[PDB]
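Next up is one chain by itself, shown in C-alpha cells, the form deposited in one PDB entry.
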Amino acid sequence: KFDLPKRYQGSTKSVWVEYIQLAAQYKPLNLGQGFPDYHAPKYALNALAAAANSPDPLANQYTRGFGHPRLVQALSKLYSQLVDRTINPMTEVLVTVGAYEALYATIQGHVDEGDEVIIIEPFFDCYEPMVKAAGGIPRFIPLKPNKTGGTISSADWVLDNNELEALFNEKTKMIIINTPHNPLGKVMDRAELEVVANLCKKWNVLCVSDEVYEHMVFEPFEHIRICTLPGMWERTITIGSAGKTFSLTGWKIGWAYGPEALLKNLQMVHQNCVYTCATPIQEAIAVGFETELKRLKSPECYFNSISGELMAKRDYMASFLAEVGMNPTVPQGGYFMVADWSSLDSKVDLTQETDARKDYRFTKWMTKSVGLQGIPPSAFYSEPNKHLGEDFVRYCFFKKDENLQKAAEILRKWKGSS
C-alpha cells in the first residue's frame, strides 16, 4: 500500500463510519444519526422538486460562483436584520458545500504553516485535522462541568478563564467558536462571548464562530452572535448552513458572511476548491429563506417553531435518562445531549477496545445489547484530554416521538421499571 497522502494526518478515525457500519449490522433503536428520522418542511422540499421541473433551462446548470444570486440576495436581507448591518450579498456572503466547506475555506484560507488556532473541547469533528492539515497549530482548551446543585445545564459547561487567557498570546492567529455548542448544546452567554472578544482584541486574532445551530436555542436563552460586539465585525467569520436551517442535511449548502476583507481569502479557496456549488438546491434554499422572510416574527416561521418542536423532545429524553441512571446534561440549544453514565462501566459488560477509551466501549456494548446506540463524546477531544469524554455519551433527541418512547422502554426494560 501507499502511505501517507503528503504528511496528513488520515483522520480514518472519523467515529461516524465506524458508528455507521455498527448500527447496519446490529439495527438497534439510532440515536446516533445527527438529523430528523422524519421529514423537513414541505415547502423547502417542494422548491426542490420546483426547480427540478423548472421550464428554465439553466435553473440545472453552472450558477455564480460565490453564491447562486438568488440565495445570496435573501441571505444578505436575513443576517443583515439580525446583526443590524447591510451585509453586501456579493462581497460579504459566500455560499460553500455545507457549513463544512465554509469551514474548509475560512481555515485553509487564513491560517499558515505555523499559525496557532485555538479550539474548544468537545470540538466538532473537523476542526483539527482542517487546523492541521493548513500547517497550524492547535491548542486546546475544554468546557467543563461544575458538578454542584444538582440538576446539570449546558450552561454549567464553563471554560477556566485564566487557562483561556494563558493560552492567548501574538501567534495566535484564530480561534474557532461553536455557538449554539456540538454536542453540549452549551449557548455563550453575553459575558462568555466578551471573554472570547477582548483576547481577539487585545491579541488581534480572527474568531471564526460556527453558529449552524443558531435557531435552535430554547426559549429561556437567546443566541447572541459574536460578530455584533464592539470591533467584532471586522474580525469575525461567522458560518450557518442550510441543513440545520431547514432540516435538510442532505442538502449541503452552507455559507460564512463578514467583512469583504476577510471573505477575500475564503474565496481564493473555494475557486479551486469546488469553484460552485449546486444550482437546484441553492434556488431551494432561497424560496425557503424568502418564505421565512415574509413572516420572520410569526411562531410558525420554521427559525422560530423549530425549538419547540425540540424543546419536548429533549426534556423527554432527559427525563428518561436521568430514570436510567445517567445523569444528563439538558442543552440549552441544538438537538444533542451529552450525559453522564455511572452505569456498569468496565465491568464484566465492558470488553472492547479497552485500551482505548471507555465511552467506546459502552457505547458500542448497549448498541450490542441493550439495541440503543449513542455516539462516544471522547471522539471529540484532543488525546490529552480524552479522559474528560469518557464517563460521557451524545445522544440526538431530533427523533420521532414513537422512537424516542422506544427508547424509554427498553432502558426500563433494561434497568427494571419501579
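Positions refer to the first chain, counted from 1. Here the rigid core means the biggest group of C-alpha atoms that line up within 1.5 Å when the two forms are laid on top of each other. Compared with the form deposited in another entry:
No residue in 151, 162, 81, 272 other than 151 shows a CA shift of 2 angstroms or more between the two forms after fitting the rigid core. Taking the rigid core as fixed, one finds a CA shift for residue 260 smaller than 2 Å between the two forms. After superposing the rigid core, the C-alpha of residue 198 moves by less than 2 Å between the two forms.
With the core held fixed, residue 26 shows a CA shift of 2 Å or greater between the two forms.
May I ask for the structure of the form deposited in another entry now, the form deposited in one PDB entry having been displayed?
Excluded here are partners and other molecules; the one chain stands alone.
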C-alpha cells in the first residue's frame, strides 16, 4: 500500500484511454478521437515505405537524440521563413514523440515545485496533469461565449482580460496558449496575442504556444505565431506536430522550437525520457517537408489545401448539428466542433441522481445507443469549472463525406422528420 507523491494523483485513466476503449467496445461511428478517416498525402506514406526499404543500413538504426539531422534541417528551413529569423537547426529545435512529448519536455524542463502555470480553459487535457507532475501550481481562466442565441463563432469565446492579469504574479512561471484551439477552434487574433504577450513581458513569464493546428485556419482568419511579437522570441517555446501537419497521427512525431537558452532544458528532459525518436519516421517527415518547401504557395501544398478541404466539412457539420437542435460553435480553425446540446437544457425532463457531469453520460449514452461517438468537453476543464462544459459536446469532422452524411442521418433519425 504505497504512495507516489510525485504528483501522480487521480487521472486513473485519461479521457482517451477511457473513450478509446469504449470505441473499441461498442464500435460506433467514431467522431471523437481526432484523426482522418481516410488516407493521408501519398508522398508522405511513400516516403516511409522508402525509409523502411532504404539501402542505407543507418536508415533504421539510432539517429541523433535531439532529432534526425534531415528533419531538423527541414524544420529550420520552414519555420525560419514563418518566423522571419534564422533558427538554428541544432540548438533551437527539438524533435519529440509527438506534440505530447514536446509539451512534456517543456513543462518538466521549466516548471519547478511551487511554480505557477496559467492554463486557459477549455484546455487540451494533458496540460494540467503535466504541470502537476512537475510540482507546478495550475491557475485556470475559462474562455466564455458572447451571449449564445444559436450558432456562434469560436471568436465569440473570449476570456476576461481583467481576470487574466489578476492571475499574473511573481510566482507565475509559465502560461500555455493553444492556437488554433482545441476543442473550440478559436484563432487568437493580434489583440488577444498582444494581451498575453504584454503580461509575459511585464512578469517575465515563459509562453508555451501549442500550435499543432497551425495550418488549419479557415478564411478569412489567419494563424499568427506569438513568438513573432516584439520581445517574445526570447521567452517563447512553440510546438508543432507531424501527425497534425501531415494528417498521420499514428507517426507520433512533434517538435519544439525557440531560443537555445530555453530549449536546453527541453533537451535534458528528452534525453533522459526517451533519448531518441524513430529514425525512418523522421526521415519520411523530412522528405514531406522538403516536398512542401518547394511549393509553399501552391494550392496543391498540403499546408494550404487542408483548410479548404476541411471548410466544406466544417460547414456541413455545423448545419446538421443546428438542424437537429444543437447550438454549434463554428471554429475558425481545426477539425473540431463544440456544440451546445439540447434535451434538458430548457426542457427539464430526465434526471441524473448519479450526479456526474451530463456531457459524459450523454456522450457515452450516444455511442452505446445510437452509435455516434462525441467527446465530453468537461474533460478539458479544471475540477471546479467542469460545469462550464457539461451542456456541450465535441465532434471531429475530419471524416470522409459518406461518414459525415452518416452522422447527419443518425442524428435526423434519433430525432424525427415530419
